[PDB]
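Chain CP1 is fixed; fit chains FP1 and EP1 onto it per the hints.
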Amino acid sequence: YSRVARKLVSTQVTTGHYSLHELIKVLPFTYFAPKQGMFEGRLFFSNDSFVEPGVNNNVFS
Amino acid sequence: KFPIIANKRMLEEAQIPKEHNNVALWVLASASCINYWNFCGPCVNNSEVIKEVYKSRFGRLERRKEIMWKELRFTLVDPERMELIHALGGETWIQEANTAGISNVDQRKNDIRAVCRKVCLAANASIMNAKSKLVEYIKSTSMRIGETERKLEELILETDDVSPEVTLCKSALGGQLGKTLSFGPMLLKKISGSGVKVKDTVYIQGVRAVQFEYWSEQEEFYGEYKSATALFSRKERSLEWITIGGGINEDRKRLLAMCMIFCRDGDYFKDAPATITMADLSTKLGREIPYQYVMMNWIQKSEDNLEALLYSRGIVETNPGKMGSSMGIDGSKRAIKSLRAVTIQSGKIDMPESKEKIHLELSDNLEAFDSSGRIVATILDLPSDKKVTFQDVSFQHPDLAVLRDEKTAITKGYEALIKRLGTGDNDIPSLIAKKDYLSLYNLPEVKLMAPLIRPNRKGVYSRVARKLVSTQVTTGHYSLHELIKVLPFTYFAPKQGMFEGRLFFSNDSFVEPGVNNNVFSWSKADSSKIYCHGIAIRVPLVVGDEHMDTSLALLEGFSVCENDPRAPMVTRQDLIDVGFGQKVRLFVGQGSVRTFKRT
Amino acid sequence: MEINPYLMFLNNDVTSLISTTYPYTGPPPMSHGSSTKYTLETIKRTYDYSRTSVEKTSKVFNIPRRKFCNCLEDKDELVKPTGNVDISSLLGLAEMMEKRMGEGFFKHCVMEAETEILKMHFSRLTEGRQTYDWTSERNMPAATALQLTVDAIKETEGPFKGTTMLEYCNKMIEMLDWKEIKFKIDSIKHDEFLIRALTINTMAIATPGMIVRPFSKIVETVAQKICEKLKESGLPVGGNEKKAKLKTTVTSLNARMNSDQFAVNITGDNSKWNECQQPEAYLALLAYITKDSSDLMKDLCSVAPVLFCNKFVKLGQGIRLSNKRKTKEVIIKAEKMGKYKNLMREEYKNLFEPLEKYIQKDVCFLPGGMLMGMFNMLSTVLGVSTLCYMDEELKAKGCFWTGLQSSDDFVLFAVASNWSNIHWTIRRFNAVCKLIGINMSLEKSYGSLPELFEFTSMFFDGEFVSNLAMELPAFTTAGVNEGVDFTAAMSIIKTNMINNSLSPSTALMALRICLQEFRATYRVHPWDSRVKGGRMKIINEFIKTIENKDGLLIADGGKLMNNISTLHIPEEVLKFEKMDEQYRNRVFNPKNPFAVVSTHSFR
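Residue numbers (PDB author numbering), protein chains in the order written: chain CP1, 615 to 675; chain FP1, 58 to 83, 95 to 146, 233 to 753; chain EP1, 1 to 184, 211 to 229, 242 to 632, 655 to 663.
It is worth saying that the hints were derived from the structure and are not from the lab.
It is possible that part of the hints are untrue.
Unchecked claim - Derived pair list, reagent style DSS-like, types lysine-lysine, alpha-carbon separation capped at 25 angstroms: (1) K75 (chain FP1) x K582 (chain EP1); (2) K570 (chain EP1) x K737 (chain FP1); (3) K629 (chain EP1) x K123 (chain FP1); (4) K424 (chain FP1) x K351 (chain FP1); (5) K629 (chain EP1) x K65 (chain FP1); (6) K678 (chain FP1) x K597 (chain EP1); (7) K587 (chain EP1) x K678 (chain FP1); (8) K582 (chain EP1) x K678 (chain FP1); (9) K75 (chain FP1) x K575 (chain EP1); (10) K683 (chain FP1) x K587 (chain EP1); (11) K293 (chain FP1) x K305 (chain FP1); (12) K502 (chain FP1) x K285 (chain EP1); (13) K58 (chain FP1) x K570 (chain EP1); (14) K575 (chain EP1) x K58 (chain FP1); (15) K487 (chain FP1) x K281 (chain EP1); (16) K123 (chain FP1) x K616 (chain EP1); (17) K532 (chain EP1) x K133 (chain FP1); (18) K629 (chain EP1) x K75 (chain FP1); (19) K75 (chain FP1) x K570 (chain EP1); (20) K285 (chain EP1) x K380 (chain FP1); (21) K476 (chain FP1) x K435 (chain EP1); (22) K133 (chain FP1) x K587 (chain EP1); (23) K435 (chain EP1) x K491 (chain FP1); (24) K476 (chain FP1) x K285 (chain EP1).
Next up, chain CP1 with everything else stripped away, as it sits in the complex:
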């Protein structure tokens, strides 16, 4: 998850065309080190509650 988050951030930051409502959502995952794996599309916490980068859900809308 960290990899994906950092990726998105750079893409938004390098240009200037960013959405402030997505960084505030994905930042908490960028603390760890990137790795390799298949990103299904969701970002889970430790309590079986996730947020999705681009669509609103009960946890972040």
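Chains FP1 and EP1 only, in chain CP1's frame:
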């Protein structure tokens, strides 16, 4: 709520408590009360009284159980049974189920004619060794005909049943004939006249041309089709007159069309339909075909072709006094308008008999000749190859039967996997107890079964199977059944992808772990058996606990746990994003749910 | 692209695809409301099809009585339906039919019907679709109104101890003369009770009371005993026997005529078969029938006819009023529509004034016609009489006819040797039919060469006889028990298979559908299913106590074991030896608080 009425003393004497488990049951009462009464209530022994009272119904059941079910057949029309006529015979179909009578002769005739057709077809695979391969097939084919284990070199002769196949196979034996002919499924015979062969041409698409042969003289014959007699005379590529005595629409139509082709009457022997130009293939895979059989095949495709052929034959308006003996386009007995040179009547035309036996000569294409040409039979007048199960038969010479199918291939692969066990070193249990699973991924049997695997996504199947195998071996918890089920996939290399829950072969079939299926099924209390399309197979060993541990044969990186409804239902995909100590429910089949926990 | 579902009729037959044209059998959602408008139109068309204007005031009601029989007038425009019957021609046709069949034919049939009736119990009348109560003034099953009538007889003039049809009929007769009659409490006078007994309600299929019921049953029994000996009578039964009759007729025809003739078939559909059948002709016919027999039957058969010659018809729900904006809406009954005629629209007015004469309080004194689906056997007999006609005018021309006739549908077979004499024969037949009210439609009756025709949805052809009378059960409307409704459905499917209206795969699909309908009706499911319903709760716990799951009953988390060859066999008989002895004896325990006698009944 309690619409159903009841008795009162009958209730207390049976001690039926209300709201047993929050179900009132009740003077009045509910319906569940009946359930509670038949599941926990008084016990009687009155079976004999019930049977005696309902003797008629139970005797009907007994009679039903006293049946020997037979085959069924599609066809038309040319007390103890009244209780079942509904299920015995309709109008398009019928079942020959019998009660006490037995006589196995006509079924034997059907079997022998079918196998003769089969063998004569099998001989149609070369261009030079026709007669040789044919006779060798015959000599290499034995049968448990009826009750006697006889060979197929004397039945063809001892029997007396005219047919294209009987004759086509007996001519090679120098056997006697009956002067009968066979132009397709129809049966013909000569009455008078004679002629000689003559050639003529016919166009296709209006540009090309092809040669056919016929007779120029006058000659009368006796045609015959299913439930249809006839008589006619052919003269100079055209039909002069004809009469019929068997009244049916389809039978008469087809018989007339076949006799017309036999007389080559009509303009479609000058030019051809626009349908033939679609092919122009008067040829087999590597052989030639005449024009008559091509036309016939064009008839078999649709009845519109038959109607077109019949329109080619002149249609006119019937005159008085002839309606009774006229015909119609649809086989109608009488009509204001009919066809030229036709005559309908009642009563089947008595067929003549020829008491003169002869012998013919086979050709490269197996066509038999008695004299002055006059082909009597051939393969062209046969149906297409139709696979049919043969029993009471022995066929030894190669080409006897392919006997190779994906199903049988899988069956043999699994038989080999089972036998490999062999209760010895360098076999399944020794490698298991040794925890050497990698060698399992290199055995010969998996290599033989590999071609039966779906190639496009075999890597993921192998990955998953290699996961299950290792996770069940290392820990020591396993089940030989599911292992053997998934082993054939642990040959190729693993790869990344999306798995769904099924392992697909190349024949569009599939297999699934933790469940049973026609191709592979098993159950406890009979673990020494393994069904394959219902075929029970045996295990060379015995086990009482090696199978009881299937906690790891359902999923890859999970293990079953105690049931818990609070746990949320999930799919096979989101599993990747689960953690530890996190139970999850999931379907393991049809309406079969189970709880799982990682590791 | 354009999907035209109909292009499959070109290169195929019609006997194989016609079924796709009509929806599947069942209770239709159309639900037409019999109300004042339709009934009045019916009565008007009835009085109109009577081509006369004569009348005769009665003495029991002081009301006119349009006598539309043997008084034909207004010959103009005879194409349309007619109802004036001629007795001479009727009796002549009856005599022809008698001569053909035999002399002691009617006598034998009436004797059989009599003897059959003698040993009959009046309780049989409880077997009926529905009736009309003469006390509550409503529609109900036969048993309810029968109990009402008997208990009213008890309350008023003591019980009825006959326990037989004849005593019941004589008791009704006597009651026709009683001046006062009681019932739970209130009583009534002679005239009112008479009216009520001669009342009818529209369900506009009729729904008569109970007084006339037994006489109608007797007449129908006689007509049935008669229709059996008739070759051209497909009413009493259908299917296998019907096809046998068809083919027998066709073969006899083919073997009868010569090579010079050419035949033709006709698909006919009698129109207004209920608004042109008169009970007066039926009475004269029954008289001619019983002419030589016990006077008992002579008088008996003459009861229902006269009871139908005087039949008051209950007008449906009255009209309603309303203001412009529709904020207010008044409701009035039928008896008072003659009080506000000045308000109703013209079309509703012109349909009401000419009939006000025949109204008494709220009904219309219909002096004839035949609205009920009754006397169908008798109408069929009359049709067969029509078909058995032959004279010398035809013989001279070398022509004749024959065919088959249902209640209001028939099939004709004409014979001739010219493409014109056929028309003359058809016109002769239509004339003889109209002479006695039997008419025919023109927008729904066609004809063609002998090969193709239709009869009672059985589309006959040169071959491939196709049926379309696929019936089915219905649990929600008729709920009885959890041990009978499945066996009855199996028997029904078996029957449908016999009549060739069903095929093996079709029967299996219908079976697997009716099983699910049954389960959903009684709110039951198997054990494998993960259901949480009430009845399942206990079944979800007392199930592990058994092993013979196959022997379990459908009503108790069971599974099917019957099939095509095991329909006549109930599932019980099929699972007896298989049910765990415990469950078995627990079901067949006659010492319980409650065809095969199970412990599954819903009294």
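Between the alpha carbons of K487 (chain FP1) and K281 (chain EP1), is the straight-line distance 25 angstroms or under? holds (20 angstroms)
Are the Cα positions of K476 (chain FP1) and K435 (chain EP1) separated by 25 angstroms at most? OK: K476 (chain FP1) and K435 (chain EP1) at ~19 angstroms, within 25 angstroms.
Could you grab the alpha-carbon distance between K133 (chain FP1) and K587 (chain EP1) and see if it respects the 25 angstroms cut-off? holds (21 angstroms)
For a C-alpha distance cap of 25 angstroms, please report whether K683 (chain FP1) and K587 (chain EP1) respect it. Answer holds: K683 (chain FP1) to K587 (chain EP1) is near 22 angstroms, not above 25 angstroms.
Restraint check for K678 (chain FP1) with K597 (chain EP1), where alpha carbons must lie at most 25 angstroms apart: holds (22 angstroms)
Are the Cα positions of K629 (chain EP1) and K65 (chain FP1) separated by 25 angstroms at most? Between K629 (chain EP1) and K65 (chain FP1) the Cα gap is close to 12 angstroms, so the pair holds against 25 angstroms.
Keeping to a limit of 25 angstroms between CA atoms, is the pair of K575 (chain EP1) and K58 (chain FP1) held or broken? The hint holds at about 17 angstroms.
Are the Cα positions of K582 (chain EP1) and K678 (chain FP1) separated by 25 angstroms at most? Given that 25 angstroms is the threshold and the Cα spacing comes to 17 angstroms, the pair holds.
Given the hinted pair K424 (chain FP1) and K351 (chain FP1), is their alpha-carbon gap at most 25 angstroms? holds (18 angstroms)
Can the restraint linking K123 (chain FP1) and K616 (chain EP1) be considered satisfied, given a maximum Cα separation of 25 angstroms? holds (18 angstroms)
Hinted pair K435 (chain EP1) and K491 (chain FP1), Cα distance within 25 angstroms: holds (23 angstroms)
Hey, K532 (chain EP1) versus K133 (chain FP1), does the alpha-carbon distance stay inside 25 angstroms? holds (18 angstroms)
This entry satisfies every hint, going by the numbered hints stated previously.
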